[PDB]
Every structure is written in C-alpha cells, then in structure tokens.
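Protein chains: 2
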Amino acid sequence: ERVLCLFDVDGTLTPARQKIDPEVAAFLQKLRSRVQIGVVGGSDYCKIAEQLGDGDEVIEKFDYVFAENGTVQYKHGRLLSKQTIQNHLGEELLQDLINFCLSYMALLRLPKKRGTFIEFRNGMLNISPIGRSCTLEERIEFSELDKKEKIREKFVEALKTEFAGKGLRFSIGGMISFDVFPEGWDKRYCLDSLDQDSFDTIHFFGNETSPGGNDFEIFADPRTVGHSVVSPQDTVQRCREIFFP
Amino acid sequence: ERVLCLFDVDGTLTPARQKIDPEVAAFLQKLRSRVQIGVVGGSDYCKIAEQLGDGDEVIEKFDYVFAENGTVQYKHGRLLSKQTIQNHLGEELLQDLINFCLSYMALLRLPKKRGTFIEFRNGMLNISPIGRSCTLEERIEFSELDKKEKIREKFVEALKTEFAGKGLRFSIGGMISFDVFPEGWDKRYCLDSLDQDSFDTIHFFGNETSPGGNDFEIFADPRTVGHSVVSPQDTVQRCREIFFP
Ligand SMILES: [Mg+2]
Ligand SMILES: [Mg+2]
Ligand SMILES: [Mg+2]
Ligand SMILES: [Mg+2]
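Protein chains in written order, with the entry's author numbering: chain A, 12 to 256; chain A', 12 to 256. A prime marks a further copy of an entry chain.
Next comes chain A alone, as it looks inside the complex:
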C-alpha cells in the first residue's frame, strides 16, 4: 500500500552517463501514480541531475534522489544533512590512507600528470594517478596504458593489503581512477534512512546485481525486493508486469 520503487541510474534507467529517453521518463511519472519513486547512484548530484532532467528538475520528478550512494539525499525536494567521510573513518585512518596514496603515486612515472590526484567527495576518495583535471584525449591515453600495465589494479592490491581489516572498500571504474570508500557505503547506505519512512515494500531495480556488481549489496539486502534488469526498456517492462498487470 505504501510502496517505493528505487532505481539505479546507469544502465537501469539511462544509457550510462547519458540523458534518459523521454519515453522512459514518461513511464516513471505514470508509475508515480501508483508508487513513490527514487534513484540511487554512485555519481554526485550534479551528474545525476543532468541525466534525469533540466536544472534541478530531478528532485521534483523523483520522490527520492540518493547521490553518492545515499550519502547525499534529496527527499521530496528537500536536501538532508550529509555525513562526512572523516567523521565515519576518523582523521587518523583517513590520513594514513591519503599519505599512502601520495607516497605510492609519487613513484609512478606516467606519460603525463596534471592535478587533483586525490578528490575528496562525500561518499569516497577518488584516486587518479594521472590527475582528474586531464582532457578526454589524455584520459584515453592513460586508459590504454593502464590496460597494459595494470596500474590501477596493482595500486588497489597494495592498498587492500596495507589496510587489511580496517573497513575500506575499493572499486575501479571509468578510465583514470578508482574509488575508496568505507565498508557499507555501497548502495545499501541509502536504506538506513529509508527504513524510517514507513514503506510496506521497497522494490530495487539494477543492472549490476551479480557478485562484483555495484547493485549486488542493495539487491541482496533483506530490506529490498530485488529486481535484475539489463536495460531501461527491461526496467519499464518489469514495472508494468508488477504494477500495471
């Protein structure tokens, strides 16, 4: 009777990192006549907003907007207070991590380096050996070397070992960087806030629900009814079979 449909963004509602198909967007509003709707994605709010509407339309079109896995939350148009990664980790482990990354990267010799090797976000640290302020052409150059030399994979191996047992998780994505985040700060983070909003049912839809995928944990969590999808059209179809049969 009080139902929430909660969607991953990339590959679930939109082409990855691209704008939503207006027909999919159209269905989501129709679905909204039967249930509340939310999104949860690993990217920051500005990226998610850009994919799902013009300006800040996303917070009006969706009942919930969980950016950076729910460390940033919009609830019915309202922004809620955010928790810092330093509050969760503590300053000492945070700096141990930062200094290990600085020390490791200083020894990496690349074709090019730029700036923003460590980006401090709400839900993670983003580590990029080339530097995030590089151009697209520079990204591609690094990506091709990285496939040959496994630069990011080896850095992640050394970090996991060094911080073994200290509650840090790692994910390599895109061309130039990897993510470092606390255990529990995958997509499941958003569920703790959702637990207090009196939903009879929360249906989660994602395209990475297999082990290793970024939807695995929230999909498998007992607080959600999980649904595996392979495309936005599959998502729309599943939602019809369930809510408009």
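The hints are all genuine.
If chains are identical, the list can't say which one is meant, so a pair holds when it fits in one copy or spans any two.
Keeping only pairs whose Cα atoms sit at most 25 Å apart, straight-line, the calculated DSS-like set for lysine-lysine is:
#1 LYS171 <-> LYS158
#2 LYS30 <-> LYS86
#3 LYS93 <-> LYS72
#4 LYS123 <-> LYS93
#5 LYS58 <-> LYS93
FYI, nobody ran anything at the bench for these hints, they're computed from the structure.
Based on the hints, put chain A' with the ligands in the right spot on chain A.
Relative to the frame of chain A, chain A' with the ligands by itself:
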C-alpha cells in the same frame, strides 16, 4: 592618444577578494571616456568576474580582462586561446615537479588532510598540504599551525633548491597553499599580447610594487608607465590628477 590604463585588482581597485565599491566602479567608466581600461590579476576569471560585476559583466565593463596573470585573456568581450603550462614547461619537468611535491607531502603529518593537494591551473600549479577542498575553519587551523611550523616556507625552500636553475618561481599566499609558476608568468605575461595592440602608452597601477610584491615586475617593466597606489581611493585620485587635471 591611444592609451590603456591597466589595473591590478586586489588592494588596487577593490578590498582584497571582495566586491568593488560602486563609486570606484563608477569612476572607471568615466575614465573609459578618455582611455581603454583593463585588469590583470593572479586569480582565475570566475573570482575576478565576481569582484567586478554580476555574471560576466566584467568583460563588458573592461576592455581587457587578464585572469591568472594574463594566461587567460578577454579582449573587448572576446576570449582568446590559452597556453598550457605543460606546453611551456614540457612534460618531463612538469612531472618531476609533481612527483617531488607528492613525495614531500606524503611525509607531512598534519592535523587533517582532505583532497586536491595539487591543483592544475592555467597559470600555475597550486600546492596545498592540507588539501584545497577543506572548510574555512580547517583553513584557519592550518594557517595557525603553519605560522608555528613554517610548513609552506620549508616546502618552498626544498623545491627552489631541487629545481635550481630550471626556471620555476614560487609564491606563498593566503592560508593553505603556495603557487608554482614559470619564470615570466608573473603579471608581465599580459604585456606580450598588449605589445601588439598599438598603444601609445600603457599605465600600470598596483599596490604591491616594491621588490617581493606581485606587481613589482610589471610595474618596473619598460613597457609600462608605473604607478604605486595604496588603496582604491588613491587609484581613483591618481587617475584624476593624470587624466582629468
Ligand atoms: Mg547500473
Ligand atoms: Mg533484497
Ligand atoms: Mg594587489
Ligand atoms: Mg614600467
């Protein structure tokens, strides 16, 4: 007959990092009936724009806008192509510099660290041991420790020695960082483009014209008639005595 008045921003036209007094702004437009007018400042365009008008009004109010010491140029409303620091320095010296900074900072133990330890700009690298993405409260905390421990001063000493003779310059400013930039990329940078615009006279006004100041080089350059000022009101007064006597 073809005259340009070229002004530093901070302490010359406005309170440092603050909005221009509307009366000063008013005089500058009157001055514009007799001469062309330009600004040159070390900060990026967005900061300079914010101090001198609303939105992009600055490029309409001034004939020239030289941001980041002239590595970024607006000329009569038009943005000109910019040169990269890597093009000027070369990739090898640039990375030697970046890796020395990464290696040095990894050994610094601070109360707090965040992100963006190396910010890649158009006219410089900005190095911040705490990380530029810190809060104002965090900035002040670092600033007070830095006065006690001379963290930035000692880092600059080691860098100058290590890159002795290789054409790098350093400036420590504000609370959390220092600037690294190529020789010649002080305010004089903007003069090379100006040399081609057929001015009979270029009058430069600045509040840091003594040795060590960030206006010293452009003030002393033989391509300018230099003027030392101590406040925006002094600037307006000097411009009256010269152009409205
Ligand atoms: Mg996905
Ligand atoms: Mg589940
Ligand atoms: Mg000044
Ligand atoms: Mg001169």
